[PDB]
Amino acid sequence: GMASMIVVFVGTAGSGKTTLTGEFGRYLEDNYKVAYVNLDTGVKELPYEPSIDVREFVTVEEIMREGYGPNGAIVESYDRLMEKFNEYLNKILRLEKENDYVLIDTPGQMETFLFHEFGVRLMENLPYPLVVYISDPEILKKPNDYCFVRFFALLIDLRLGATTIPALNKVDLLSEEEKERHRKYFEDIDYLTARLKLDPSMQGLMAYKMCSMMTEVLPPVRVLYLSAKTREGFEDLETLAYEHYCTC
């Protein structure tokens, strides 16, 4: 096709970002032409058929043989990928010319995407990509967690300089009590800050201070609730992907 949208999935190893990428692809493949990009050198298996698969060129496992530990082997795998930076960039630019959606799967170690050259430069060089930042529901246990997760999404937005949508994955595992509780904090402006008042701790009152982002000029975003299992929230995301490539 040619709608030419790129959607970048960001999340820590465990959040189910790779399963989501696949299933969100399948959902789209009814009405669109879709390409998948894997930028992770240490993922074991892919539930989709990749156009680009940086494991073709280098894997964390193989370079651990050379005698690196895994910390070193991960950093080293992305130093070797930079040897092919322009090649991967043009490869992705071309996928985007021949497709309606290019879905990009990033390293399970998101700092390997946030910090290293390869991930940041690739992102400064793609046309207006949208980023979906996936969070595990289990990380959400206290009102601190909510602004934390929300602030992190803001940080990705800088580092990659691309609009970043906060999402919770695996929502099908929520009991509905749980579902109700997470919705409360996220959607309701005030209520969040309200619950951020009862903690009598500086690092807690410190955390209350951070509840800053106000109205307009600094526009809070809509959080997605997603499930690969039930396809919950997929239509929202598709919509978000259209509202973005238009307005922006």
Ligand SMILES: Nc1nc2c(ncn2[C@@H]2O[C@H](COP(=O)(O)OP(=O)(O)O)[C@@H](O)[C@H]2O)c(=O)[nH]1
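Only residues modelled in both forms are compared. Positions refer to the first chain, counted from 1. Under this definition, the rigid core comprises the largest set of C-alpha atoms superposing within 1.5 Å between the forms. Compared with the form solved in complex with ligand GDP:
Rigid core superposed between these two forms, residues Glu56, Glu66, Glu49, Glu216 considered: the one with a C-alpha shift of 2 Å or more is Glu216. Legend: core-fitted overlay between these two forms; highlighted in sequence order are 1 to 3, 215 to 220, the runs of at least 3 consecutive residues with CA shifts of 2 angstroms or more.
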Second form
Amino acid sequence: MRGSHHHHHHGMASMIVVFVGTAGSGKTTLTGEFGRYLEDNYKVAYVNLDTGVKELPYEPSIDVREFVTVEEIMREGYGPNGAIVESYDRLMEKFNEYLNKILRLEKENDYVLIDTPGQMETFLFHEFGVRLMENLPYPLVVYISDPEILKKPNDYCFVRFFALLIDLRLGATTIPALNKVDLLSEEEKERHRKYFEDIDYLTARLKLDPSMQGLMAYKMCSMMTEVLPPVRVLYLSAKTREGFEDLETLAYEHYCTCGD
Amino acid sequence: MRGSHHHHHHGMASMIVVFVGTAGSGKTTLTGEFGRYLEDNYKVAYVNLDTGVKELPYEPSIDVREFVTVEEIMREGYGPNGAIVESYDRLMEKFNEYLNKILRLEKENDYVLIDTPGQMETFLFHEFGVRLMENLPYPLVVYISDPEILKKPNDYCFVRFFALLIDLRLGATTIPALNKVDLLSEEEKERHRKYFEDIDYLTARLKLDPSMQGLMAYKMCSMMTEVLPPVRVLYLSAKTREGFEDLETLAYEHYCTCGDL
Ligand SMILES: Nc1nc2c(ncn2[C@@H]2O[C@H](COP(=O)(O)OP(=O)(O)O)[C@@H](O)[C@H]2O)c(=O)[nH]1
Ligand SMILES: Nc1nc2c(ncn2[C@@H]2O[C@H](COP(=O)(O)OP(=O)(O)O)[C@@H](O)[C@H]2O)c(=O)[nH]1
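Write the structure block of the form solved in complex with ligand GDP for the protein whose form solved without ligand GDP appears above.
Next comes the full complex, and the chain you just saw is listed first.
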């Protein structure tokens, strides 16, 4: 219930779930709503690593905006994109402090949801993101995409390889997912699934592309067979909780598999 | 010379150079300073597609900030990142007009230098970036990195695979490049060189690392070998002009290569 105070057993690993996605895919919404969902049964904590966001749909236990905001930095005459980078250079000075707060949380909660910088590139190309991720115990990364970017076959290969890239970069199990599935006509929904679920089929459609660019993508589906096999893409809705049971199951499974 | 009014033969294709890189990599400075270098000998045009840049070191022929800014939109109550996405959603209403203006520029100039949104992901994930790139004639993408992220062998893989991802998403030849090389000791420069361009010494190297990450890096890195005949890499300085000739040459090679067929 909203008023439940769920108990976490102190000598027990929590589940850290980290949401990553380009600006606008629904990171902050998914954290809040997946949080609510879990709160029926679990002790959840919320970490906001995003210095830009104007308002939160959840009460954070940790909030980097308490320390500095993009808006504050822009007051110093920085442009927005400059203020965003500058904001993570400043937080980096306080790295251990935040690393240790997050680690504390992980001892005190069943779940810790991390809502990452609004721009995925801050998290992936700045020292703050990767150094945090190196230092967290088996964090589970949910990489979400707006389905509206899936307009041609090689987009499906794009998203899949980007998740792999994220998994390389952050050194964490990355789950590729779609958000905003609430908006998907069911034809749209089955297309996406077929391309994602049927890599023989995907590969074949990419075979047809005559472009110089098409050949490379068709080829790039070397992912498979001898290592790199396509993992199931999750379909989520942060508005309706479609896929929340899935996500929760996956996150528990990942949790059982780790600590081994 | 720079003050010359260079003549471009209308029936003669130009070189379109697109600077892409994460925010802070030096996109805007590189675009400005490379153009100034080019301006001695060619007729250059500048396109700014970044709604969130405060000042330009160059005079743009095209400036999407004249339609809207991230800052203007934030005054509406959007956060920075909300406004960045919004600025480009609104920009889409003016898509053909921008496309057509740029298409004109390429008929009228030797070089069109395009300075992309400050957040790379804005360009890579937004319809405005993808469709523009789709509609340009053989643009050459230059993907710059800050050498500071290059700390261990796995990082070199990450950054070269990324470039590959840009190629694939944007459907254009993409040159992995380092910017800010002026800040590098000669010792630093040489480390970057053996890993960063030489991808037998990278692969080889990743192969020795028996960890999960090293394994996967090794794997993704070999897939690159078979996926493209390793491009030439660039070591630029937007500040001192190091690598400009090399960039200029690679552009000309790309130009001839796209010429015949
Ligand atoms: N219909 C629908 N809208 C969503 C969903 N997730 C997010 N949104 C909306 O998409 C916009 C971007 O969401 P936001 O959470 O800020 O994404 P962020 O930049 O990654 O943090 C907001 O207006 C959300 O209300 C979803 O699953 N379905
Ligand atoms: N030392 C050095 N600094 C650079 C170079 N290029 C850019 N910078 C600096 O890095 C900061 C980011 O430059 P900017 O063009 O705004 O990067 P952008 O966000 O990708 O457009 C600026 O303060 C530049 O002066 C370079 O080649 N060398």
